[PDB]
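Chemist: The lines below spell out each chain.
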Amino acid sequence: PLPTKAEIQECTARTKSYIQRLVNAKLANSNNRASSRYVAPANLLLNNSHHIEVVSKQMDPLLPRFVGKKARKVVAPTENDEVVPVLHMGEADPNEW
Amino acid sequence: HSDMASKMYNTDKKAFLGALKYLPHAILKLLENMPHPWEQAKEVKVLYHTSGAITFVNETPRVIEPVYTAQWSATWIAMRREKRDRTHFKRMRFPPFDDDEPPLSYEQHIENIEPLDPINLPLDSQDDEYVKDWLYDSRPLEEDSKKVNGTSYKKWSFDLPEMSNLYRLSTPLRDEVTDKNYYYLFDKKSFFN
Amino acid sequence: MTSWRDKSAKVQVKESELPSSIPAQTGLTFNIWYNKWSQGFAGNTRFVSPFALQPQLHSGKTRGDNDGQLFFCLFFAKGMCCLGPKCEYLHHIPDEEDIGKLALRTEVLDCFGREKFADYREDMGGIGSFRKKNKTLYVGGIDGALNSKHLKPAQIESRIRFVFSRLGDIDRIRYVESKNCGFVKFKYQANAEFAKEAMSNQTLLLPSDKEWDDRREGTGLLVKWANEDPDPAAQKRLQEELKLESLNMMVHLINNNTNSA
Amino acid sequence: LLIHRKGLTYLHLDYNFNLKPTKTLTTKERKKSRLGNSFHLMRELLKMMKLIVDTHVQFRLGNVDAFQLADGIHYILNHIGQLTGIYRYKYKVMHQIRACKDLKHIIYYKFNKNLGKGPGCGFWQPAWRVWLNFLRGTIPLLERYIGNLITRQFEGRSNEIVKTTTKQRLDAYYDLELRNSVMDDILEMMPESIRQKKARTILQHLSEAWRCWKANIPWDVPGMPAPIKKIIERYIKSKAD
Amino acid sequence: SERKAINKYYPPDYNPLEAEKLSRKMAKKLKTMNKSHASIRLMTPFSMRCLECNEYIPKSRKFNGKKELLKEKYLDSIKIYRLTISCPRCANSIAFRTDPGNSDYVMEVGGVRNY
Amino acid sequence: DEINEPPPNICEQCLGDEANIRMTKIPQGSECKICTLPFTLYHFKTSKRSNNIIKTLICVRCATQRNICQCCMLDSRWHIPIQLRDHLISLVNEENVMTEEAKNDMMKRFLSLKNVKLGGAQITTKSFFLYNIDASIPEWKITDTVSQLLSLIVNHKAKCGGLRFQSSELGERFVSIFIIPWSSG
RNA sequence: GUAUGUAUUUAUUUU
RNA sequence: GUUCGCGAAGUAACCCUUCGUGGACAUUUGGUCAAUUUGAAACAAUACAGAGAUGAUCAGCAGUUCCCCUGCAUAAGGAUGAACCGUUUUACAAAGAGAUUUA
RNA sequence: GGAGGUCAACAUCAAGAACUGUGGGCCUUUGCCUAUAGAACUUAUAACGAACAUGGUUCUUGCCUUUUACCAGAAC
Ligand SMILES: [Mg+2]
Ligand SMILES: [Mg+2]
Ligand SMILES: [Mg+2]
Ligand SMILES: [Mg+2]
Ligand SMILES: [Zn+2]
Ligand SMILES: [Zn+2]
Ligand SMILES: [Zn+2]
Ligand SMILES: [Zn+2]
Numbered sequence: 056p057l058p059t060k061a062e063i064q065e066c067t068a069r070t071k072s073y074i075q076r077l078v079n080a081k082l083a084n085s086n087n088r089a090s091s092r093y094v100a101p102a103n104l105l106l107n108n109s110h111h112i113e114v115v116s117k118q119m120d121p122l123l124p125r126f127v128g129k130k131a132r133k134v135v136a137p138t139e140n141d142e143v144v145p146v147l148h149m156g157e158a159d160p161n162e163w
Numbered sequence: 146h147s148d149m150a151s152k153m154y155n156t157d158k159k160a161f162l163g164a165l166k167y168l169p170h171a172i173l174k175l176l177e178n179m180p181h182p183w184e185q186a187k188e189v190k191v192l193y194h195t196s197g198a199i200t201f202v203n204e205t206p207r208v209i210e211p212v213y214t215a216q217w218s219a220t221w222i223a224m225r226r227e228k229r230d231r232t233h234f235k236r237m238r239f240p241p242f243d244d245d246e247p248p249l250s251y252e253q254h255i256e257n258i259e260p261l262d263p264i265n266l267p268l269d270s271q272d273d274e275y276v277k278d279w280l281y282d283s284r285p286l287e288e289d290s291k292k293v294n295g296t297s298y299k300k301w302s303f304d305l306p307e308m309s310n311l312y313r314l315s316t317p318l319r320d321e322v323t324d325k326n327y328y329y330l331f332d333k334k335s336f337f338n
Numbered sequence: 001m002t003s004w005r006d007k008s009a010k011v012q013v014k015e016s017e018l019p020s021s022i023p024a025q026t027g028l029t030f031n032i033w034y035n036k037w038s039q040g041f042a043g044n045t046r047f048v049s050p051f052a053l054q055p056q057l058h059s060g061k062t063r064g065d066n067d068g069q070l071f072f073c074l075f076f077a078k079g080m081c082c083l084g085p086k087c088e089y090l091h092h093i094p095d096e097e098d099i100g101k102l103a104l105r106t107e108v109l110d111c112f113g114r115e116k117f118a119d120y121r122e123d124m125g126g127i128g129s130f131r132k133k134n135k136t137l138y139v140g141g142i143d144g145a146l147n148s149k150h151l152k153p154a155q156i157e158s159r160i161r162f163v164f165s166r167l168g169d170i171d172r173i174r175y176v177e178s179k180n181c182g183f184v185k186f187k188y189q190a191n192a193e194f195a196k197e198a199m200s201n202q203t204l205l206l207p208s209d210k211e212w213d214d215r216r217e218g219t220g221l222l223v224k225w226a227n228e229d230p231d232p233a234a235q236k237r238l239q240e241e242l243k244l245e246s247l248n249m250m251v252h253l254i255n256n257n258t259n260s261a
Numbered sequence: 581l582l583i584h585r586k587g588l589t590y591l592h593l594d595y596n597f598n599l600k601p602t603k604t605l606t607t608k609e610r611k612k613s614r615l616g617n618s619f620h621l622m623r624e625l626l627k628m629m630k631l632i633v634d635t636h637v638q639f640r641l642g643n644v645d646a647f648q649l650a651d652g653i654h655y656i657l658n659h660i661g662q663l664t665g666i667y668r669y670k671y672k673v674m675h676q677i678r679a680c681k682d683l684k685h686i687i688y689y690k691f692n693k694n695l696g697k698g699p700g701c702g703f704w705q706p707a708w709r710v711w712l713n714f715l716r717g718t719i720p721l722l723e724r725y726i727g728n729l730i731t732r733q734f735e736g737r738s739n740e741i742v743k744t745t746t747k748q749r750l751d752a753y754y755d756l757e758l759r760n761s762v763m764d765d766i767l768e769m770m771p772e773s774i775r776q777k778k779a780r781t782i783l784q785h786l787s788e789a790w791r792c793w794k795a796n797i798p799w800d801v802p803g804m805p806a807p808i809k810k811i812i813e814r815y816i817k818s819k820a821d
Numbered sequence: 002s003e004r005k006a007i008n009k010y011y012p013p014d015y016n017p018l019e020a021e022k023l024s025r026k027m028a029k030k031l032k033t034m035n036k037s038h039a040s041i042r043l044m045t046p047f048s049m050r051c052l053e054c055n056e057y058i059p060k061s062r063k064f065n066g067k068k069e070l071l072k073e074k075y076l077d078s079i080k081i082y083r084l085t086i087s088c089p090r091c092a093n094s095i096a097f098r099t100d101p102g103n104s105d106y107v108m109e110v111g112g113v114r115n116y
Numbered sequence: 003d004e005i006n007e008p009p010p011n012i013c014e015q016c017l018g019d020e021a022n023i024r025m026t027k028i029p030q031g032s033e034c035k036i037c038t039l040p041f042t043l044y045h046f047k048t049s050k051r052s053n054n055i056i057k058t059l060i061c062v063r064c065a066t067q068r069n070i071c072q073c074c075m076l077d078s079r080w081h082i083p084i085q086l087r088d089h090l091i092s093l094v095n096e097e098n099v100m101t102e103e104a105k106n107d108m109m110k111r112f113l114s115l116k117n118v119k120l121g122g123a124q125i126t202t203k204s205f206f207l208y209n210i211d212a213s214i215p216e217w218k219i220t221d222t223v224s225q226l227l239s240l241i242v243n244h245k246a247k248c249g250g251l252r253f254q255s256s257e258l259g260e261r262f263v264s288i289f290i291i292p293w294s295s296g
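Keeping their order, the protein sequence lines are chains A, B, C, D, E and F.
For the first sequence, the residue numbers in the authors' numbering are 56 to 94, 100 to 149, 156 to 163.
For the second sequence, the tail end lands on 338 under the authors' numbering, and the numbers increase by one without skipping.
For the third sequence, the tail end lands on 261 under the authors' numbering, and the numbers increase by one without skipping.
For the fourth sequence, the tail end lands on 821 under the authors' numbering, and the numbers increase by one without skipping.
For the fifth sequence, the tail end lands on 116 under the authors' numbering, and the numbers increase by one without skipping.
For the sixth sequence, the residue numbers in the authors' numbering are 3 to 126, 202 to 227, 239 to 264, 288 to 296.
It should be emphasised that the hints constitute simulated quantities derived from the structure, not laboratory data.
Any given hint could turn out to be false.
To be verified - Here are the computed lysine-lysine pairs in the DSSO-like style, where the Cα-Cα straight-line distance is at most 30 angstroms:
no., chain 1, residue 1, chain 2, residue 2
1, C, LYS149, A, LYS117
2, F, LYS119, F, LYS218
3, B, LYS158, E, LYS80
4, C, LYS101, F, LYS245
5, C, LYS152, C, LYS179
6, A, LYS129, F, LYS47
7, E, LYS9, D, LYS612
8, E, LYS9, E, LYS29
9, B, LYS174, D, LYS681
10, C, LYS149, F, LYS203
11, D, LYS670, E, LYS63
12, D, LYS608, E, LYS80
13, D, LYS603, A, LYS129
14, B, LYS159, C, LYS116
15, D, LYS630, B, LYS190
16, F, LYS116, C, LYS185
17, D, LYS608, C, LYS36
18, E, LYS80, E, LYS29
19, C, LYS101, A, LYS133
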């Protein structure tokens, strides 16, 4: 069966929102006071006993924002959980080939 | 911050390089505020970084257009009168300072020494009697209820006699052409065409 | 108490007296961003501290005491602090109470309020590791005494004992005659850090003996972090201590675990 | 701070913002020490500012005069061509200078009329307007450059650095796509096993067949499976066309 | 820092002839300036044959090599130089002479010429 | 996204007795003291007025793998230094569970990115002359004991300790495992 | 378009 | 410290001053950071070396890398930027002939 | 409560010669037709600015060893 209709109006919705989150996440990153025009306590820690409140700090505009971002190279591991079986279905041939 | 060798400046040094991005802006805002000949010393509002990283001149110069033309043209006449007058006119040498002399601190040398009066003009007592008083003020009209908005200084309004005198003084800079028909093949559309 | 507790801390050095910055002519021209010198490399730059502390004489109450701050002034550990009673940090030798206060935060960071790094350092440099509690200071460059030859090693041993002995409770001391090094070991990590920062680049013998007034020309003695002890004896001794202490905290584990049920 | 931070202590700035070496430089110095148009451009620009602010200073000191001042900053704003050297690092500024000279001519012959050839002058409105607007131009431009210069100065240059095809490296890429495209086919015709030895070998046969096509030599191989010869004939026909 | 550089910043005092005197005194104490020797990159005009590994410097080969002002002076006054070149295969130094009277070179110590 | 979304890991201990706490969140902080990669940083103050400031050191990952506290760097449950808990665990079983860690750089910079966990984590002038001394006890113990009952040198190769009080009169006082005897000139 | 590269340990890690 | 007010005292004739007290106004800054040796700039100098394809002397483009540097740069340079130029054995069989041991 | 401020935030500023709300009818909300109320700022030799800069891509040129930097026109 082809995937109905009201099924795609879902995947399109959630995917669209997610991509917007990535894009807007990026446009606020880089160096342009220009590029920003195209754009909650939330923490129950442990048992929530002490709660939390999270608040951002405004950076001194001159000083570097993202004090820790520094270009460096990394080799990533490949964590192999499971094996994908590779399942397929000469003699005189070499004299040809 | 003139002398800093200390470790305590590890941030301020980082702070300097950052401001290096915003300097040419500060050069603009500084340079459009030049005091002009008839004024002695302009006084500006600077916005500085608390660590002394850089100093912005925060304003934009506003001048009444007819008044500004009057002022500048008055200076024009004074220029001509003075070029005709004195025999030896001496153009100052460039650059003003030699490379080894550090820039002299304003809080010592300059602030004590008095302005040494500017251009202005003799004007006239009788003819200009309306406009002789405030013509050369830094901001020409600040306190008036009728003549100007207020200290925010936008939306000038005048009377007839004043505009008569301003119209009189600005003759050397005035457009002088009284009719449209004078421009025949010189308007824009003849240039585009 | 009668000594330190009552009598307020006194200014070690007048602010105008503090040494200048800009270390001298290690190179050709001075450099503004880094504070170093520019081209070439002069003979390696090290010098004895003009300064030293006097534990009962200088140390006294300060503002951190009333403010209840945890961490100690290192410019006091260097005896160089110019803020006197106005100082933000405590002036006195670490005791067992105060380490009692620090005990929760002594794991990540030293007693002076600086984060520890992981790897120690190539040469066993300034600050240690947060992986391994290291209570043993390597004392080296005993030529901080300059060239005076001494009747026996009891001169070196005795003198050092009377030096670090002030700075905190010493678990053991071994000077080595063959290769010039002391190995000094304290009850507490805190006293080890404080002593390290305190006695680095220092001189020796009496307030006046012999060449004393020339002392400032000396090199000064390295105080660095010490490796383990290779001999089997102390290695047994460590293994045992770790054993019994692990045993001791298993008591806590079963007390709060028993409370867990 | 930006000069020393880079590690160059032998380039001295004077107080007129001239940047001069204090030594004769070994080659690796000249390589480390090449400063771009960001720095140098901004250097020239400040040099202009310092220059004007100085003229007004010497007015304030009483050392000059009233009128000599106005003539002074007129002389600056016209002669920035000669007094600065900004025209080196962006040659576009040559428009303004042309403009700033033309106004000069205009202003004089409506001014010196009836009196004098001498230096007396000092109507500086128009030139001021021109240099000012030019400075409006490069605010975002220098923010972009110096933005990269400094963020690169703290954070290091990007590690990826992919590089596009242009006029110089084109042919190399064309070669590369070709040899790849033949690798695929002649790997997919063969029945199973052999790869790397026959890889290198077959691609060599490619190169040889091309050279022999330049030389008009027919390039018969004493033996070789015919379908491979079909393929190589195909691709070398392509490259030929 | 341009390769073609018109000016060089000098200290604000710098009596130049005084620096010529003090630097003239300084010139004796240094190791490099006084080496009596020299280093030059050059070619071999006449080719070569090595006398150690019998390696052949085939015709004209770049070398980093060493020029020396010879105590001889051709005729009454002409300069004459002696160059040395290390062999690629073995560590061996071969020398030249430049005859101003007979334009071609003549060589010694560690190499022979092909005919 | 990836760096923010995992929430921090903090002990209840060092986080203080305050009911509601305000903490700062910086999207790029210093690197770990361990992995040497950027992360998101959190200030806070235990007390409202407390002078001291708490700064999470390590990552969320570099923590989770080791199952410790980002401010303390103590085990998440037992409040134990890492090099200990794996020793207790290693006492059970026989020889295992030591955490082998990451020398160089991209050894560690690599290692922090795998999800494997780590072994501890996986489960969760009067001279008295002194003799007869065990090599083991520290000088600190001795003098403390004397003080409790009512200045010192030891040699540990020797097993011999000398003691000078500030007055023989103390000598009489204390005279109110050892070989004592009282002699000096 | 005036290469480039290697080495430059002084201050002594417990048997 | 201001203001509203109450009470007491004093001047006073409900006002002026002092005293005591009630109420309102005003309400928690700052730190990722402590001031030279021991938590990390980089060149230079000295010694040795001495240049890609080749018999040789040069133009160069690329390609791979957990090397990067100058550059605003997705341009272009940095010796064609550098490193590369070396170490190298098992999906292993089939047939035949000779020597030794064994139901 | 009035006057202001070289104070801030949030709206709006290039289009069917063009805005918004509301009443009524038809289709079945949209949309069409009809009725009514209010429309600040900017526009006809067309535009917020009675002024006037720079950058990117793509083409055409101009210098002309090559790249930045450029020469002068166009479109986006
Ligand atoms: Mg290249
Ligand atoms: Mg070459
Ligand atoms: Mg290459
Ligand atoms: Mg090229
Ligand atoms: Zn202090
Ligand atoms: Zn040879
Ligand atoms: Zn981490
Ligand atoms: Zn904690």
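Chemist: Between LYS158 (chain B) and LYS80 (chain E), is the straight-line Cα distance small enough, at 30 angstroms or below?
Modeler: Violated: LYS158 (chain B) and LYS80 (chain E) sit about 59 angstroms apart, past 30 angstroms.
Chemist: For the pair supplied as a hint, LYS119 (chain F) and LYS218 (chain F), is the alpha-carbon distance within the 30 angstroms limit?
Modeler: violated (41 angstroms)
Chemist: Please verify whether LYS608 (chain D) and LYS36 (chain C) have alpha carbons no more than 30 angstroms apart.
Modeler: Roughly 21 angstroms between the alpha carbons, so the hint for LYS608 (chain D) and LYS36 (chain C) holds.
Chemist: Checking one constraint from the list: CA of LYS101 (chain C) to CA of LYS133 (chain A), max 30 angstroms. Satisfied?
Modeler: Judged against 30 angstroms, a Cα distance of about 42 angstroms means the pair is violated.
Chemist: Would the hint linking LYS9 (chain E) and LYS612 (chain D) be met if the CA-CA limit is 30 angstroms?
Modeler: holds (18 angstroms)
Chemist: With a cut-off of 30 angstroms on the C-alpha distance, tell me whether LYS129 (chain A) and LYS47 (chain F) pass.
Modeler: Status holds; Cα separation ~25 angstroms.
Chemist: When you check the alpha-carbon spacing of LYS149 (chain C) and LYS203 (chain F), does it fall within 30 angstroms?
Modeler: holds (27 angstroms)
Chemist: Mind checking the alpha carbons of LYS149 (chain C) and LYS117 (chain A) for me, to see if they're no more than 30 angstroms apart?
Modeler: With Cα atoms ~61 angstroms apart, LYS149 (chain C) and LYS117 (chain A) exceed 30 angstroms; violated.
Chemist: Does the structure keep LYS152 (chain C) and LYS179 (chain C) at a Cα separation of 30 angstroms or less?
Modeler: Measuring from Cα to Cα gives roughly 14 angstroms; hence the hint holds.
Chemist: Is it true that the CA of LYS670 (chain D) sits at most 30 angstroms from the CA of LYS63 (chain E)?
Modeler: violated (42 angstroms)
Chemist: Holds or violated: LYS603 (chain D) with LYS129 (chain A), Cα cutoff 30 angstroms?
Modeler: The given pair, whose Cα atoms are some 36 angstroms apart, is violated under the 30 angstroms limit.
Chemist: Would you check the hint for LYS174 (chain B) and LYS681 (chain D), treating anything up to 30 angstroms between C-alpha atoms as holding?
Modeler: holds (24 angstroms)
Checked against the numbered hints listed earlier, the structure breaks hints 1, 2, 3, 4, 11, 12, 13, 16 and 19; every other hint is satisfied.
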